[PDB]
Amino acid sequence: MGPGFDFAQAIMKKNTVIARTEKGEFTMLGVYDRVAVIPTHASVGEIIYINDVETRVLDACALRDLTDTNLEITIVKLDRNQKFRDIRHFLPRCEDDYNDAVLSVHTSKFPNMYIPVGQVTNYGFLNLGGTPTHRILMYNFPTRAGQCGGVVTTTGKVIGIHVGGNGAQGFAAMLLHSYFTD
(Lines of atoms letter the chains of each structure in order from A and count residues from 1; the text may use other names and numbers.)
(Lines give C-alpha, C1' and ligand atoms only; values in the text may rest on other atoms or scores of the structure.)
Protein backbone atom coordinates (compact mmCIF):
# COMPACT_ATOMS: atom_id res chain seq x y z
CA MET A 1 0.00 0.00 0.00
CA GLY A 2 3.07 2.31 0.53
CA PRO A 3 6.95 2.29 0.61
CA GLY A 4 7.13 0.16 3.82
CA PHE A 5 5.04 -2.59 2.17
CA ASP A 6 7.08 -2.04 -1.07
CA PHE A 7 10.40 -2.92 0.71
CA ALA A 8 8.76 -5.83 2.65
CA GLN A 9 7.34 -7.31 -0.63
CA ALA A 10 10.75 -7.00 -2.38
CA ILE A 11 12.38 -9.03 0.50
CA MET A 12 9.56 -11.65 0.53
CA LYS A 13 9.58 -12.21 -3.28
CA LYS A 14 13.35 -12.96 -3.54
CA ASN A 15 14.72 -13.76 -0.01
CA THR A 16 12.20 -16.21 1.63
CA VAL A 17 11.47 -19.96 1.43
CA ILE A 18 8.96 -22.10 3.33
CA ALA A 19 10.96 -24.24 5.84
CA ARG A 20 9.37 -27.35 7.42
CA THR A 21 10.89 -29.15 10.46
CA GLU A 22 9.27 -31.70 12.85
CA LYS A 23 8.15 -28.60 14.90
CA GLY A 24 6.10 -27.07 11.99
CA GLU A 25 6.16 -24.77 8.92
CA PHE A 26 8.19 -21.47 9.23
CA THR A 27 8.90 -18.41 7.12
CA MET A 28 12.70 -18.64 6.55
CA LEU A 29 14.78 -15.61 5.50
CA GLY A 30 17.67 -16.24 3.07
CA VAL A 31 20.53 -13.75 3.74
CA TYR A 32 23.32 -14.62 1.21
CA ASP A 33 24.77 -17.63 -0.71
CA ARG A 34 23.00 -20.75 0.83
CA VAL A 35 22.77 -19.15 4.34
CA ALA A 36 19.32 -18.56 5.93
CA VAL A 37 17.90 -17.93 9.45
CA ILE A 38 15.01 -19.51 11.42
CA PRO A 39 13.86 -19.39 15.09
CA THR A 40 15.95 -21.80 17.24
CA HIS A 41 12.66 -23.38 18.56
CA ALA A 42 12.20 -24.78 14.96
CA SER A 43 14.80 -27.47 16.13
CA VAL A 44 16.60 -27.78 12.75
CA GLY A 45 18.12 -31.28 12.23
CA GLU A 46 20.30 -32.97 9.56
CA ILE A 47 17.39 -32.75 7.02
CA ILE A 48 14.83 -29.90 6.47
CA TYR A 49 12.09 -29.38 3.79
CA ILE A 50 12.57 -26.14 1.71
CA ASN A 51 9.45 -25.40 -0.43
CA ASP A 52 8.47 -29.14 0.08
CA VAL A 53 11.89 -30.41 -1.19
CA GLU A 54 14.07 -32.67 1.01
CA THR A 55 17.30 -30.67 1.69
CA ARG A 56 20.47 -31.64 3.58
CA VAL A 57 21.56 -29.16 6.31
CA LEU A 58 25.32 -28.50 5.77
CA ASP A 59 25.67 -26.49 9.05
CA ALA A 60 23.31 -25.14 11.76
CA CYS A 61 24.34 -22.83 14.64
CA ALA A 62 22.02 -21.70 17.49
CA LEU A 63 23.40 -18.25 18.30
CA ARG A 64 24.04 -17.17 21.92
CA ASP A 65 25.54 -13.87 23.16
CA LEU A 66 28.94 -13.68 24.93
CA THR A 67 27.15 -14.16 28.35
CA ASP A 68 25.95 -17.60 26.94
CA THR A 69 22.31 -16.26 26.76
CA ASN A 70 19.93 -17.58 24.03
CA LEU A 71 19.40 -15.17 21.05
CA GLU A 72 16.70 -17.51 19.43
CA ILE A 73 18.38 -17.23 15.94
CA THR A 74 19.64 -20.40 14.20
CA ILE A 75 21.84 -19.77 11.12
CA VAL A 76 21.43 -22.64 8.63
CA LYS A 77 23.52 -23.45 5.53
CA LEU A 78 21.35 -25.40 3.05
CA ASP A 79 22.59 -27.97 0.47
CA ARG A 80 20.57 -26.04 -2.19
CA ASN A 81 21.49 -25.66 -5.93
CA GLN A 82 20.80 -21.88 -5.96
CA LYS A 83 22.06 -18.82 -3.99
CA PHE A 84 19.97 -16.10 -2.30
CA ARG A 85 20.28 -12.48 -3.39
CA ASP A 86 22.85 -11.00 -0.93
CA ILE A 87 20.82 -8.69 1.45
CA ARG A 88 23.53 -8.27 4.15
CA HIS A 89 23.78 -4.48 3.33
CA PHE A 90 20.14 -4.12 4.63
CA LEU A 91 21.07 -5.47 8.14
CA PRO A 92 21.57 -3.02 11.02
CA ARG A 93 25.05 -2.83 12.61
CA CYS A 94 23.79 -1.96 16.17
CA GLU A 95 20.89 -2.67 18.60
CA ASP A 96 18.24 0.05 18.02
CA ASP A 97 14.57 1.15 18.25
CA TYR A 98 12.57 1.67 14.99
CA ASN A 99 9.48 3.45 13.66
CA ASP A 100 6.81 2.06 11.28
CA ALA A 101 7.82 -1.63 10.89
CA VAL A 102 6.08 -4.36 8.78
CA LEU A 103 5.98 -8.09 9.76
CA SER A 104 5.74 -10.28 6.60
CA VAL A 105 4.86 -14.04 6.61
CA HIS A 106 4.67 -16.59 3.81
CA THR A 107 3.51 -20.16 4.66
CA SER A 108 0.76 -22.64 3.51
CA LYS A 109 -1.44 -21.24 6.39
CA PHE A 110 -0.63 -17.51 5.75
CA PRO A 111 0.44 -16.78 2.12
CA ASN A 112 1.43 -13.19 1.15
CA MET A 113 0.62 -11.81 4.67
CA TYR A 114 1.87 -8.29 5.62
CA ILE A 115 1.10 -6.63 9.03
CA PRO A 116 1.95 -2.97 9.80
CA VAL A 117 3.12 -3.40 13.46
CA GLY A 118 4.13 0.26 14.02
CA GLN A 119 6.76 1.27 16.60
CA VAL A 120 9.43 -1.32 17.55
CA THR A 121 11.13 -1.07 21.01
CA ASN A 122 14.60 -2.41 21.89
CA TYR A 123 13.05 -4.52 24.69
CA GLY A 124 16.21 -6.51 25.52
CA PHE A 125 15.60 -9.32 28.02
CA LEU A 126 12.57 -11.64 27.59
CA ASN A 127 11.68 -14.93 29.32
CA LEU A 128 10.58 -16.58 26.02
CA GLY A 129 8.70 -19.87 26.71
CA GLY A 130 10.76 -20.22 29.95
CA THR A 131 14.14 -19.50 28.17
CA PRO A 132 16.04 -16.27 29.15
CA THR A 133 16.53 -14.49 25.78
CA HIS A 134 18.47 -11.30 24.83
CA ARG A 135 18.26 -8.71 21.95
CA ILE A 136 14.41 -8.93 21.72
CA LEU A 137 12.46 -6.33 19.72
CA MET A 138 8.81 -5.68 20.82
CA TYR A 139 5.79 -4.41 18.84
CA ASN A 140 2.20 -3.84 20.05
CA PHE A 141 0.40 -6.25 17.68
CA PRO A 142 -1.47 -9.47 18.68
CA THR A 143 0.62 -11.92 16.62
CA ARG A 144 -0.60 -15.61 16.54
CA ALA A 145 0.77 -19.14 15.97
CA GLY A 146 1.91 -19.37 12.30
CA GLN A 147 3.92 -16.07 12.23
CA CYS A 148 7.24 -17.38 13.72
CA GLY A 149 10.14 -16.75 11.31
CA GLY A 150 8.16 -13.81 9.86
CA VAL A 151 10.45 -10.99 8.60
CA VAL A 152 10.46 -7.59 10.39
CA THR A 153 11.47 -4.69 8.10
CA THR A 154 11.45 -0.92 7.90
CA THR A 155 12.06 1.07 4.67
CA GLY A 156 15.61 0.01 3.74
CA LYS A 157 16.31 -2.30 6.74
CA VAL A 158 15.72 -6.00 7.63
CA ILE A 159 15.82 -5.79 11.46
CA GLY A 160 14.57 -9.14 12.91
CA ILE A 161 12.58 -12.38 12.74
CA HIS A 162 9.34 -13.01 14.74
CA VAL A 163 9.93 -15.58 17.59
CA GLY A 164 6.84 -15.22 19.87
CA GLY A 165 4.03 -13.23 21.48
CA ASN A 166 1.95 -12.86 24.69
CA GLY A 167 -1.48 -12.26 23.02
CA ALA A 168 -1.12 -8.37 23.01
CA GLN A 169 2.61 -7.88 22.04
CA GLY A 170 4.82 -9.67 19.46
CA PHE A 171 8.58 -10.26 19.88
CA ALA A 172 11.38 -10.57 17.29
CA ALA A 173 15.06 -11.61 17.59
CA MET A 174 17.39 -8.89 16.21
CA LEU A 175 19.35 -9.51 13.02
CA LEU A 176 22.78 -7.82 13.13
CA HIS A 177 25.28 -7.50 10.25
CA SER A 178 28.04 -9.05 12.47
CA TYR A 179 26.14 -12.40 12.54
CA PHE A 180 26.81 -12.89 8.74
CA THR A 181 30.49 -11.93 8.14
CA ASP A 182 32.10 -14.80 6.08
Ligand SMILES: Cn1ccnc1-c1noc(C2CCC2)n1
Contents of the next structure:
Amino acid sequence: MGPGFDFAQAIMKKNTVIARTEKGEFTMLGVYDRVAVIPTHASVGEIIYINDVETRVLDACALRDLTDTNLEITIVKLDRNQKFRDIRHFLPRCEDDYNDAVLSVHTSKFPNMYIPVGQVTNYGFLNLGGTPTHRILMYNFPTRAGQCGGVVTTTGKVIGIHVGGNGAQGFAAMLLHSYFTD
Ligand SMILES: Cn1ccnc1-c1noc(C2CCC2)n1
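Next up, the form deposited with this ligand bound in place of the form solved without this ligand?
Everything in the complex follows now, all chains and molecules, and the chain you saw is the first one.
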Protein backbone atom coordinates (compact mmCIF):
# COMPACT_ATOMS: atom_id res chain seq x y z
CA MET A 1 0.00 0.00 0.00
CA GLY A 2 2.98 2.31 0.78
CA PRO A 3 6.81 2.34 1.10
CA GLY A 4 6.70 0.20 4.34
CA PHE A 5 4.90 -2.65 2.51
CA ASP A 6 7.12 -2.04 -0.58
CA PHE A 7 10.39 -2.70 1.38
CA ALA A 8 8.75 -5.66 3.22
CA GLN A 9 7.51 -7.18 -0.09
CA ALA A 10 11.03 -6.90 -1.68
CA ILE A 11 12.57 -8.80 1.33
CA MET A 12 9.80 -11.49 1.36
CA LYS A 13 9.90 -12.20 -2.42
CA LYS A 14 13.73 -12.71 -2.64
CA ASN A 15 15.01 -13.50 0.92
CA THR A 16 12.44 -15.90 2.57
CA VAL A 17 11.89 -19.67 2.28
CA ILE A 18 9.46 -21.98 4.12
CA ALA A 19 11.46 -24.04 6.72
CA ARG A 20 9.89 -27.20 8.25
CA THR A 21 11.45 -28.98 11.30
CA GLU A 22 9.80 -31.57 13.66
CA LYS A 23 8.50 -28.47 15.58
CA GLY A 24 6.40 -27.18 12.59
CA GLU A 25 6.60 -24.57 9.77
CA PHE A 26 8.64 -21.30 10.02
CA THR A 27 9.27 -18.24 7.86
CA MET A 28 13.07 -18.41 7.37
CA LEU A 29 15.04 -15.26 6.38
CA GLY A 30 18.06 -15.86 4.03
CA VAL A 31 20.80 -13.24 4.79
CA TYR A 32 23.72 -14.00 2.36
CA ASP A 33 25.22 -17.01 0.47
CA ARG A 34 23.55 -20.17 2.00
CA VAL A 35 23.17 -18.62 5.48
CA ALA A 36 19.65 -18.08 7.01
CA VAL A 37 18.09 -17.39 10.48
CA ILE A 38 15.19 -19.17 12.28
CA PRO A 39 13.88 -19.01 15.87
CA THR A 40 15.94 -21.32 18.16
CA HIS A 41 12.68 -23.06 19.33
CA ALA A 42 12.45 -24.57 15.71
CA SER A 43 15.09 -27.06 17.07
CA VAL A 44 17.01 -27.35 13.75
CA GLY A 45 18.59 -30.83 13.27
CA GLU A 46 20.93 -32.45 10.67
CA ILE A 47 18.13 -32.35 7.99
CA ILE A 48 15.54 -29.56 7.39
CA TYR A 49 12.80 -29.15 4.68
CA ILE A 50 13.21 -25.95 2.60
CA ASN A 51 10.15 -25.26 0.33
CA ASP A 52 9.31 -29.00 0.83
CA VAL A 53 12.79 -30.24 -0.35
CA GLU A 54 15.00 -32.43 1.95
CA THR A 55 18.11 -30.26 2.75
CA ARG A 56 21.28 -31.21 4.75
CA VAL A 57 22.13 -28.62 7.44
CA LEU A 58 25.90 -27.87 7.03
CA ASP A 59 26.06 -25.87 10.33
CA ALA A 60 23.62 -24.50 12.94
CA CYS A 61 24.49 -22.16 15.83
CA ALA A 62 22.03 -21.02 18.57
CA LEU A 63 23.23 -17.49 19.45
CA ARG A 64 23.68 -16.34 23.10
CA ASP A 65 24.99 -12.98 24.37
CA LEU A 66 28.28 -12.68 26.33
CA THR A 67 26.34 -13.12 29.65
CA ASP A 68 25.47 -16.62 28.19
CA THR A 69 21.76 -15.56 27.83
CA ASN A 70 19.55 -16.94 25.00
CA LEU A 71 19.01 -14.56 22.00
CA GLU A 72 16.45 -16.99 20.33
CA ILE A 73 18.29 -16.67 16.90
CA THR A 74 19.67 -19.86 15.20
CA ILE A 75 22.02 -19.19 12.24
CA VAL A 76 21.76 -22.04 9.75
CA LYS A 77 23.99 -22.84 6.76
CA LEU A 78 21.99 -24.84 4.16
CA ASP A 79 23.33 -27.42 1.66
CA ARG A 80 21.37 -25.53 -1.06
CA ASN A 81 22.40 -25.10 -4.76
CA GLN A 82 21.58 -21.36 -4.84
CA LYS A 83 22.68 -18.26 -2.82
CA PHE A 84 20.39 -15.61 -1.28
CA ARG A 85 20.66 -11.99 -2.30
CA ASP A 86 23.09 -10.40 0.24
CA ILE A 87 20.90 -8.16 2.54
CA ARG A 88 23.55 -7.66 5.31
CA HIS A 89 23.67 -3.84 4.50
CA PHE A 90 19.98 -3.58 5.63
CA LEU A 91 20.83 -4.87 9.16
CA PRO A 92 21.10 -2.37 12.02
CA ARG A 93 24.49 -2.09 13.77
CA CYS A 94 23.12 -1.17 17.29
CA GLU A 95 20.13 -2.04 19.57
CA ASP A 96 17.41 0.60 18.90
CA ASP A 97 13.71 1.56 19.01
CA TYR A 98 11.83 1.97 15.64
CA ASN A 99 8.71 3.62 14.19
CA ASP A 100 6.32 2.22 11.56
CA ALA A 101 7.44 -1.47 11.39
CA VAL A 102 5.84 -4.29 9.30
CA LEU A 103 5.78 -8.04 10.23
CA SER A 104 5.82 -10.23 7.06
CA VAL A 105 4.89 -13.97 7.19
CA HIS A 106 5.27 -16.61 4.39
CA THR A 107 3.98 -20.21 5.04
CA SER A 108 1.83 -23.00 3.41
CA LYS A 109 -1.13 -21.80 5.64
CA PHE A 110 -0.52 -17.96 5.65
CA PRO A 111 0.76 -17.03 2.13
CA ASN A 112 2.07 -13.43 1.52
CA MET A 113 0.85 -11.77 4.80
CA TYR A 114 1.96 -8.20 5.84
CA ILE A 115 0.97 -6.73 9.27
CA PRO A 116 1.57 -3.06 10.07
CA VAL A 117 2.60 -3.49 13.78
CA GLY A 118 3.68 0.20 14.13
CA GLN A 119 5.94 1.40 17.01
CA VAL A 120 8.71 -1.05 18.12
CA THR A 121 10.27 -0.80 21.66
CA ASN A 122 13.77 -2.04 22.60
CA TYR A 123 12.27 -4.15 25.44
CA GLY A 124 15.49 -6.05 26.33
CA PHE A 125 14.85 -8.85 28.87
CA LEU A 126 11.86 -11.20 28.40
CA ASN A 127 11.03 -14.56 30.02
CA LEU A 128 10.07 -16.27 26.70
CA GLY A 129 8.24 -19.63 27.20
CA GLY A 130 10.19 -19.88 30.52
CA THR A 131 13.67 -19.03 28.98
CA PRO A 132 15.47 -15.79 30.02
CA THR A 133 15.98 -13.97 26.64
CA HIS A 134 17.85 -10.69 25.78
CA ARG A 135 17.64 -8.13 22.87
CA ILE A 136 13.82 -8.49 22.53
CA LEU A 137 11.84 -6.01 20.39
CA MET A 138 8.17 -5.51 21.51
CA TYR A 139 5.15 -4.34 19.41
CA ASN A 140 1.29 -4.48 19.46
CA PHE A 141 0.10 -7.91 18.15
CA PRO A 142 -3.43 -8.91 19.30
CA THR A 143 -3.69 -12.40 17.62
CA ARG A 144 -2.42 -16.08 17.58
CA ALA A 145 0.58 -18.14 16.23
CA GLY A 146 2.13 -19.36 12.92
CA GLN A 147 4.05 -16.02 12.72
CA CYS A 148 7.29 -17.49 14.26
CA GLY A 149 10.22 -16.62 11.91
CA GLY A 150 8.13 -13.73 10.46
CA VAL A 151 10.44 -10.85 9.43
CA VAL A 152 10.18 -7.35 11.04
CA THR A 153 11.25 -4.45 8.72
CA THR A 154 11.10 -0.63 8.69
CA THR A 155 11.58 1.33 5.42
CA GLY A 156 15.21 0.39 4.59
CA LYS A 157 16.06 -1.91 7.58
CA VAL A 158 15.54 -5.60 8.48
CA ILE A 159 15.43 -5.36 12.31
CA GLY A 160 14.26 -8.76 13.71
CA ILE A 161 12.43 -12.11 13.47
CA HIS A 162 9.14 -12.81 15.33
CA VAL A 163 9.70 -15.33 18.22
CA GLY A 164 6.44 -15.09 20.32
CA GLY A 165 3.54 -13.12 21.83
CA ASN A 166 1.17 -12.97 24.86
CA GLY A 167 -2.11 -12.40 22.87
CA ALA A 168 -1.72 -8.53 23.24
CA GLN A 169 1.99 -7.91 22.35
CA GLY A 170 4.40 -9.66 19.94
CA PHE A 171 8.16 -10.18 20.46
CA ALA A 172 11.02 -10.30 17.94
CA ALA A 173 14.71 -11.21 18.40
CA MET A 174 17.01 -8.37 17.16
CA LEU A 175 19.02 -8.92 14.00
CA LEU A 176 22.42 -7.10 14.20
CA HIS A 177 25.05 -6.69 11.40
CA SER A 178 27.79 -8.21 13.72
CA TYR A 179 25.95 -11.62 13.76
CA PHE A 180 26.86 -12.12 10.04
CA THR A 181 30.40 -10.64 9.65
CA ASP A 182 32.57 -13.25 7.78
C1 LIG B 1 -4.97 -14.40 11.30
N2 LIG B 1 -3.51 -14.34 11.32
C3 LIG B 1 -2.68 -15.35 10.90
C4 LIG B 1 -1.42 -14.90 11.09
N5 LIG B 1 -1.42 -13.63 11.62
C6 LIG B 1 -2.70 -13.32 11.75
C7 LIG B 1 -3.20 -12.05 12.26
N8 LIG B 1 -4.47 -11.81 12.34
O9 LIG B 1 -4.51 -10.49 12.87
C10 LIG B 1 -3.22 -10.12 13.04
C11 LIG B 1 -2.96 -8.78 13.57
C12 LIG B 1 -3.89 -8.38 14.73
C13 LIG B 1 -4.12 -7.03 14.04
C14 LIG B 1 -3.58 -7.65 12.74
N15 LIG B 1 -2.38 -11.04 12.69
